[PDB]
Amino acid sequence: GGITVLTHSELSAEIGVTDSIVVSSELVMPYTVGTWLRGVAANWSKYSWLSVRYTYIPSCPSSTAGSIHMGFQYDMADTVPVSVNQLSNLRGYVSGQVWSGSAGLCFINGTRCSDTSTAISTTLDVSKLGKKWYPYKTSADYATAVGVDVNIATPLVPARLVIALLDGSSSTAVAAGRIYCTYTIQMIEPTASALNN
Amino acid sequence: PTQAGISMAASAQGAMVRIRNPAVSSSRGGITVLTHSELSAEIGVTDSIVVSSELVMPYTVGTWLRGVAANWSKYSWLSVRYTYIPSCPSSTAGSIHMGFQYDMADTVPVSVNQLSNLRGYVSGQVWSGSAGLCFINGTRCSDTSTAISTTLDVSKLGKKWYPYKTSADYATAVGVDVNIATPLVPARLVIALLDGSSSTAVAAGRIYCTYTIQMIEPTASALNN
Amino acid sequence: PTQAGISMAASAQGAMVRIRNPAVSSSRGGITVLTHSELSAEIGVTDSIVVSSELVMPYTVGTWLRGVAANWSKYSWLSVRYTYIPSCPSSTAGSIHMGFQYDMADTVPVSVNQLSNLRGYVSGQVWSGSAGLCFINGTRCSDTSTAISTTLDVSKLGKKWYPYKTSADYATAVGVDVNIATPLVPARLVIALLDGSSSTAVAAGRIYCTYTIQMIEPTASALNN
Amino acid sequence: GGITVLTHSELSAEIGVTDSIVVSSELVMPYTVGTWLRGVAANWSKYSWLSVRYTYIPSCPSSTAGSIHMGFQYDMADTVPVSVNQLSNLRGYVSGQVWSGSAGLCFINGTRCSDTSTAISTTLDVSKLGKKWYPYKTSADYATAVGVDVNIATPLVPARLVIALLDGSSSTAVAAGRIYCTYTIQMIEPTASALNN
Ligand SMILES: [Ca+2]
Ligand SMILES: [Ca+2]
Ligand SMILES: [Ca+2]
Ligand SMILES: [Ca+2]
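Chains as they are written, first to last, in full-length UniProt numbering: chain A, 72 to 268; chain B, 44 to 268; chain C, 44 to 268; chain D, 72 to 268.
Mixed in with the good hints, there may be bad ones.
Just so you have them, the derived chain B footprint on chain C, three or more residues with Cβ under 8 Å [what the hints assert, rightly or not]:
no., stretch
1, 57 to 71
2, 106 to 113
3, 255 to 265
Derived by calculation from the structure, the hints in this document are not laboratory data. Using N, Cα and C, we set each Cβ at its ideal position, and we do this for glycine too.
Given only the sequences and the hints, what does the whole structure look like? Please build it.
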């Protein structure tokens, strides 16, 4: 009672596949997970992750050279991996060919999952996060805060998803796949949409 | 002491310290447990009061622990204990004082009194506390009613899970505003030394820390700040 | 394959890698055992032969292992395995080659042939070896007759106990004379890549290393060179 | 057969006690353990440690403020501890009041040891040393070798004993105690005395 529990699955990020190891990162918070949730979660001041799961889903030919990597960092102050190696250490390291993972599909439509060993997907260890409840922060205000000092962020966001997309066959981008997020969340302490930062 | 109430003060106390190999265990689920002891600080006493403070976080507590916990993003204190060992004669004059604070913004105590109020307070002659040895070496404990050592009440701190921070980056963040610190470290140890006999510092003792930590969510040692 | 002798080549192979949490255990006596897996190197193939070499010592093997073993003065390899995973299509042209050398003074191989002679040699199409996945993830192993992965014969090296060395200081010592190295590192991995189709390097695969190490005689992380 | 086994106990180093943490180090090899052994071991080319044990023995008043520390390093390349803290980490860390340890005495005369818990003394973990057999090296030639590069030493000496003598009551030295070494050694491959380096 009091809370509100949404459980959904939307595209979290489109992936381009190249040959020069490009390394990105997304905060594991509502405003960043995806457009849809970003829209809802706003109506609630704080929230708590219950089950966060990013899953890669291909959309390219089998003749598409390339591998993708995912992992998690938690002390926002830490330096985002420079080498994919450094990345393979993080919690929940995972990596497969940018055209495989077809099987992970059963995480997005919420169907009965058969064998998920071939699925390029990792989860968030919710039990080991700083706070139980976090404040809904807008990318804007967040940046402004990390501008003064990054550490002021450790209490605004639970973790960060480190993504690496190396190995390709061309110097320019080639559409490869998408990373959808399948989360279960508890939204609380409602608020006017435009009053959230 | 044979009878009851009678006490004999030695010319000087002596405790032979021997630290046993570390204890590490990767318990499925993520956490890696480490329990070890290290010489945390060197002590000196003067006729005028002196207040020393040390953050009770990985990078600061242990010199070995620093390099170890580096490979993990977070940690949770499970048991932190600062024990005191006198390396001087009973003919020495002086007393020690310890306690904890939890909001770095609070000013650092300046009177043996203010300090008497802090959590887990402890006082005692600079030349006593040898009793606490059994803690550091890790043997069977006898009469500890005479020992000078305190423990961090891990039971009630900000979070259970704190981020591994580096003295450097830490200070940088505290430079902005001290307050940014509360979400970076649980508490800190306060240490006072007065009732000494000379204006020039005298060899008092040393403080060893014996802790048990939980380390989680791995990371390349050098990617950690 | 249903019958026997018949083999079907896929348009492309795929292996979903998932590295499990490290395994650490402080076994009384001194040694601290660590068994973990890490992405050791990125691969690329060209029409002309290319010989890459990597020292098989802590600081070099693993990026996590680097920060870990730092807290111990020595170590003994117990099982080192370099596995290869193809991240490309069977339509790709190219083969890989690996083996070990033990005297850094020996010149680095320059022919796929010379390399065929080295210890624990292995060859195979750039797009194969997916079979070896079960090694890295650490699952139940099936048919590995098709996998591209080799192991270091820890059974016979200079010493059982080597000193933790740092790339920096190491090189400095090798600068004096390479030979000073033999008592600093067991052996090294040789890796060749030829039979490719373009002058400009192409995404081949990647090599993960899965090792089990013994670490001993503690030291402050920063006092180690 | 062939070998030769000496087991002895002689003064390895006199100790001065001060207030400014002075940190020394001695190689755990024949030429350095002590004068007597240095003299014998020379007649043999190589040798192997069987049981090395440094023991501190007081020789001062009980009114002598001070503590002593001992430990071991093995990668001769490592930087000798700068702080006693750093020292308390090494294998076999030990430390007690510079006037205690009276009990350790039973290690020097080889008598029946009662309770040795109060003895300031540590041992060498022989089972975990690089080589089984080492070459007898003279301080001279050793320095000359470490002059070119320290690493050229890891194969000449098994380990190094790090000793710290902090906490005192005076700015100048005060005779405190001695560190005797009680070793069991295997001397081999004999040689003319003056031909050993
Ligand atoms: Ca908000
Ligand atoms: Ca950190
Ligand atoms: Ca070293
Ligand atoms: Ca010689």
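Okay, the hints, checked on the actual structure:
| no. | hint | verdict |
| --- | --- | --- |
| 1 | 57 to 71 | holds (count 7) |
| 2 | 106 to 113 | holds (count 6) |
| 3 | 255 to 265 | holds (count 5) |
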